[PDB]
Amino acid sequence: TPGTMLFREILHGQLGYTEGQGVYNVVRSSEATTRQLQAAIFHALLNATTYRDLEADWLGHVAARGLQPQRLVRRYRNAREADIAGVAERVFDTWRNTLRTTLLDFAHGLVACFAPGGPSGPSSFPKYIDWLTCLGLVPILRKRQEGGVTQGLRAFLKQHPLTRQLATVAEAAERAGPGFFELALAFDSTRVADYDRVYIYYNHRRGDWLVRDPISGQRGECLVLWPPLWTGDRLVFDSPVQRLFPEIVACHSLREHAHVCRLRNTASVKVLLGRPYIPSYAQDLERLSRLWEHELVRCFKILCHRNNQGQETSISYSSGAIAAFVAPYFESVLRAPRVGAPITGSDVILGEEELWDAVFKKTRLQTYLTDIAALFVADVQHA
Amino acid sequence: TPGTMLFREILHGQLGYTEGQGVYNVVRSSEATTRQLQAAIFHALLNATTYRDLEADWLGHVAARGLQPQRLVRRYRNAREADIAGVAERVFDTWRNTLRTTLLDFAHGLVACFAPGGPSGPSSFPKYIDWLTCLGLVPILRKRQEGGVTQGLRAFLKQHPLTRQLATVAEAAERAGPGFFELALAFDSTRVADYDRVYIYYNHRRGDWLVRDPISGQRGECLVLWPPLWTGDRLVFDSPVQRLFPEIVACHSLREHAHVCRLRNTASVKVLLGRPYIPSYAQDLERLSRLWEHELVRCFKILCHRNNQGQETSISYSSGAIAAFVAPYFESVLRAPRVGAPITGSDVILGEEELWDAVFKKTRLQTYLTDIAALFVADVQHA
Amino acid sequence: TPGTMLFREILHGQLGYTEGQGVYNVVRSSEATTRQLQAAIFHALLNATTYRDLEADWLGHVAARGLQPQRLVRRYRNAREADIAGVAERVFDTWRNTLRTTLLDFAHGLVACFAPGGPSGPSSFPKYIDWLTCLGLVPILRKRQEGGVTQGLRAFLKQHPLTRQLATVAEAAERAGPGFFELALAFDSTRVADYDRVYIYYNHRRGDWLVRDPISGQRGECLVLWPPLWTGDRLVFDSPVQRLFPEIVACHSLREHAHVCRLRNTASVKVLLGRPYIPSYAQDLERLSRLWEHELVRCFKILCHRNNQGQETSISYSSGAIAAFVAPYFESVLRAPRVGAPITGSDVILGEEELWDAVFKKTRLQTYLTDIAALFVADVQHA
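Chains as they are written, first to last, in PDB author numbering: chain A, 33 to 307, 516 to 623; chain B, 33 to 307, 516 to 623; chain C, 33 to 307, 516 to 623.
A hint or two may mislead.
[As the list claims (entries may be wrong)] Straight line, CA to CA, 27 angstroms or less: simulated DSS-like cross-link-like pairs of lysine-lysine:
no., chain 1, residue 1, chain 2, residue 2
1, A, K601, B, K190
2, C, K302, A, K302
3, C, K159, B, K602
4, A, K159, A, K175
5, A, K602, B, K601
6, A, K159, B, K190
7, B, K602, A, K302
8, C, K175, B, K601
9, C, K302, B, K302
10, B, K175, B, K159
11, B, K602, A, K190
12, C, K602, B, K190
13, C, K175, C, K159
14, B, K159, C, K159
15, C, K159, B, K601
16, A, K601, B, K601
17, C, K602, B, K602
18, A, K602, A, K159
19, B, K602, A, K602
[Claimed, not checked] Label-pair ranges, simulated between beta-carbon atoms:
no., chain 1, residue 1, chain 2, residue 2, range
20, A, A88, B, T553, 51 to 61 angstroms
21, C, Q183, A, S554, 56 to 66 angstroms
22, A, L295, C, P519, 20 to 30 angstroms
23, C, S520, B, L242, 52 to 62 angstroms
24, A, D226, C, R287, 11 to 21 angstroms
25, C, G550, B, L242, 30 to 40 angstroms
26, A, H545, C, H44, 41 to 51 angstroms
27, B, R578, A, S554, 25 to 35 angstroms
28, A, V281, C, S520, 35 to 45 angstroms
29, A, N548, C, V243, 47 to 57 angstroms
30, C, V243, B, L242, 34 to 44 angstroms
31, B, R578, A, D226, 27 to 37 angstroms
32, B, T553, A, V281, 35 to 45 angstroms
33, C, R546, A, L295, 43 to 53 angstroms
No lab work stands behind these hints, which were simulated from the structure alone.
Note that beta-carbon positions come from the ideal geometry of N, C-alpha and C, so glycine has one too.
I would like the entire structure built from these sequences, with the hints used as guidance.
Written out as structure tokens, the structure is:
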């Protein structure tokens, strides 16, 4: 019993502390998962590139604006003036604005990110993985139930098309709507496990290693091993948190042993009745601080941008980890394989409009809408 | 009881101090939230880009100025002189001034920022979060009541359209007015909790962890856990302020222990009746000063601009935190999901006219007004 | 009682001193507030950009000069000579001079800056805030009375239009005159509190924290908390001046303890009747000097320009503070929300003609006067 209690506590730095122990906190960050959720919600909404959508919005834009070019050619009167340089700019810029119309949809991607990320019942996802990487194993509390948050996502959607310009744009999105609606349920219907309430270290006798939760709520449901654990008739477990353990106790003992001796060493003159002092730990705290620093950066594949002159540390989550750790923690927990695209270590730098550039770099309908709009416009002024 | 008292006090540096402890004060800054409030109030006012607004101001500008171009063409008499280079500059610059008319609206964004930011009852928002990050938990004192400040926001608005040029501009804004008016209430109607008056560490016995306020004012309302707390039949709590605690006491003891011995060591010659001194703490204050420095910068994602030659520290709040910490502290407290746009670490550099550039870079009506004004002007001089 | 006495004194360096303690003096500077007052008085005077003002001065300039261009065209006789390059320069430069006419107004902005800044009764404003930041709280002595200084501002104004060129320019300013006149009263009618005469640390028993002044002059009026104070049945108060306190006393004790021992150590040979010395404080004064240096620069957001080769310190007040500290100390004391524009850390570099460039960069009427003057001139020489 006490070890699995202790290995949670010693990562918490109950006893001793070094500088490197704080670098775990960047692994505890939720930055990657929000980027993954925000790119997740993108692709399903970008998919419908139909002729009927792109015209009926633009042909609707034709009549109220007066876009028939016979009215325009009278105004120009000039072969010298490039009328396309007039019109096609005015085709693009006002339809740059419909990316911001698509940004008016985007807040569901914000809400259904903090629908797990925000509240207390399910925490933010990768907050939970770092207990799992602490112990070296994953419990999952799988149940179908509790779709209650996504109803607030439903009445969210009926509020938006007030202009009615939004609806004909989002008609392509609402045919993808149950495509989006089902994916919103799946993580939000699942329950991720609770660290103390689940019991560990209680298996069957080597026929398999299988430990389940006892609690008055439920029994245990699923176990996921990214490392397995090594039993030599004795529980020894793979973790980075194992790799601290024999030295930290030797560190913590050394801090404790030199400390007690100093209090006894507070005596002026030795009293002898006839009828050397070495409390020192200065180097070893420095060694351990370097140790746990270099340990953790390789373990979870952390990207430490070191500046010229070796000083500035721009800390970020590397791209190699983000396909190796997020997506298994994503997909094996999510079970919906629609979100398949990994996104670069470039992405963590990027803000949300850059994500729209990342939308625009995927060019799903983006370049496709621009060309056929530009083509059908251009030659009419050439005529 | 005394620990939650103490962990507030030890962050306050009751006992001992290091250089890094002062770097908490930049986390205590309110710089991000004012930037978020100032960008918040922007988008709702920028939204109405209707043909009727953009013309009736300009067509009103047509007659009193005498803008019918038949009067102008007599003056020019010159195909060589680009009359558009005359007129369209004079279209733009005087309608650059209507951005400053929009800046005459802006002071409501200033007042409703210090309407929470200024007074004593609700403090500035992120002043409160740093007690919450001190303890690792959030109490919220949620009540509908007390909309008293926003009435001063109402009589604020009736004072402005004195020129009556402002009103026809702000008619588009006053249809967005109840859009703005309701959002001004929501944070201003809520009450953020009080640190000592709320009681902590008093829960139910592991069926849930739930502690509420006793006070003669109200009972406790809401609890928000960004970390949860780790009970091993014993309250151990996740915080950065936990991570100081075992070493600071060992620091503070070391400062206390070496101090007392020196006073006893103020004796000239030992008096022996027949019938070694080690008070030293010089290194360990330096280690702890580096420790808490490197701890805090990773914890809340702080941006430390280190110059060439490693010396100049331009301290600022990084963009990764500002989407990870402000917006949950914003939205879960605010409950109004309209303000969805995060803003860069670029923004903290920027002043308010740069925010108007940030308004102008969003191009909501900004480029849209300029084009149709420029188009309808240009070809008439071409004729 | 003695602590609030002492915390004023210990910032004053009654006991001990370090290099960093002198860096408080730049926080005690009044440089920002004069820049804010000088930009304050600008915008109200710049606002009136009416057609009637800009013409009746220029059309008045037309007749006495003889500006009707039929007289000029005889002189030029040359299509080669750009007559606009003659005339429009002479339109601009002599109306560059009316910026210096506007500078002849400017001395009221100088007087009503040292009308609080100069005399003994109200001191310069941010001299007072640094006592408030010393203790961590603000008393305000709010009374309507004593508008006596602004009468000298009134007879100031009747002296100026001697040329009568000034009056028709300042007619636009004197319609803004009661706009300026009322704002001059508000800070000058208020009284900012007095440090010893106001009593502190005397509240009501936790139902609120509320302390008022007893003095034979008045009672206490207002209290403003930028931090609140932390009572654990014991007054502990948030301040930067709190953060010096436990270590400075340990510093001051260390300086006192090693000092006394040295005087006793002035004995040649120990006298023994039968029938080790460690006074050392060299490092700890250096640590504290670095401590209070790095503490204060982050606390009030101070800008320390460090040169190449790390040596030159151009000390100035940063732009982040100047929107976070000046304006609350401005507006919550002033109560007149007209002055809403914050001004950059660029501004503290700038002198007053650069402020006129800052006037000119706002382009309120500045570019607007220049264009319609240049337009109506130009084509007549083209004719």
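Checked hints:
1. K601/A with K190/B: At roughly 47 angstroms apart (the allowed maximum being 27 angstroms), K190/B and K601/A break the hint.
2. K302/C with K302/A: holds (22 angstroms)
3. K159/C with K602/B: violated (42 angstroms)
4. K159/A with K175/A: holds (20 angstroms)
5. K602/A with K601/B: holds (23 angstroms)
6. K159/A with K190/B: violated (49 angstroms)
7. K602/B with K302/A: violated (80 angstroms)
8. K175/C with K601/B: violated (46 angstroms)
9. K302/C with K302/B: holds (11 angstroms)
10. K175/B with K159/B: With a Cα-Cα distance of about 20 angstroms, the restraint between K175/B and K159/B holds, given a limit of 27 angstroms.
11. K602/B with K190/A: holds (26 angstroms)
12. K602/C with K190/B: OK: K602/C and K190/B at ~26 angstroms, within 27 angstroms.
13. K175/C with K159/C: holds (20 angstroms)
14. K159/B with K159/C: holds (25 angstroms)
15. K159/C with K601/B: violated (40 angstroms)
16. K601/A with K601/B: Holds, because 20 angstroms separates the two Cα atoms, which is no more than 27 angstroms.
17. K602/C with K602/B: Measuring from Cα to Cα gives roughly 22 angstroms; hence the hint holds.
18. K602/A with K159/A: violated (30 angstroms)
19. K602/B with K602/A: holds (22 angstroms)
20. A88/A with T553/B: 51 to 61 angstroms: holds (57 angstroms)
21. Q183/C with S554/A: 56 to 66 angstroms: 60 angstroms Cβ-Cβ, so the 56 to 66 angstroms window holds.
22. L295/A with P519/C: 20 to 30 angstroms: holds (24 angstroms)
23. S520/C with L242/B: 52 to 62 angstroms: holds (55 angstroms)
24. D226/A with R287/C: 11 to 21 angstroms: The hint (11 to 21 angstroms, Cβ to Cβ) is violated, given that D226/A and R287/C are roughly 55 angstroms apart.
25. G550/C with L242/B: 30 to 40 angstroms: violated (54 angstroms)
26. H545/A with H44/C: 41 to 51 angstroms: Holds - the Cβ-Cβ distance for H545/A and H44/C, about 45 angstroms, lies within 41 to 51 angstroms.
27. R578/B with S554/A: 25 to 35 angstroms: Given about 33 angstroms between the Cβ atoms, the range holds.
28. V281/A with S520/C: 35 to 45 angstroms: holds (37 angstroms)
29. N548/A with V243/C: 47 to 57 angstroms: holds (54 angstroms)
30. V243/C with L242/B: 34 to 44 angstroms: Distance hint for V243/C, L242/B holds at roughly 36 angstroms.
31. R578/B with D226/A: 27 to 37 angstroms: holds (34 angstroms)
32. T553/B with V281/A: 35 to 45 angstroms: At 37 angstroms between Cβs, range holds.
33. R546/C with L295/A: 43 to 53 angstroms: Because 44 angstroms falls inside the window, the suggested range holds.
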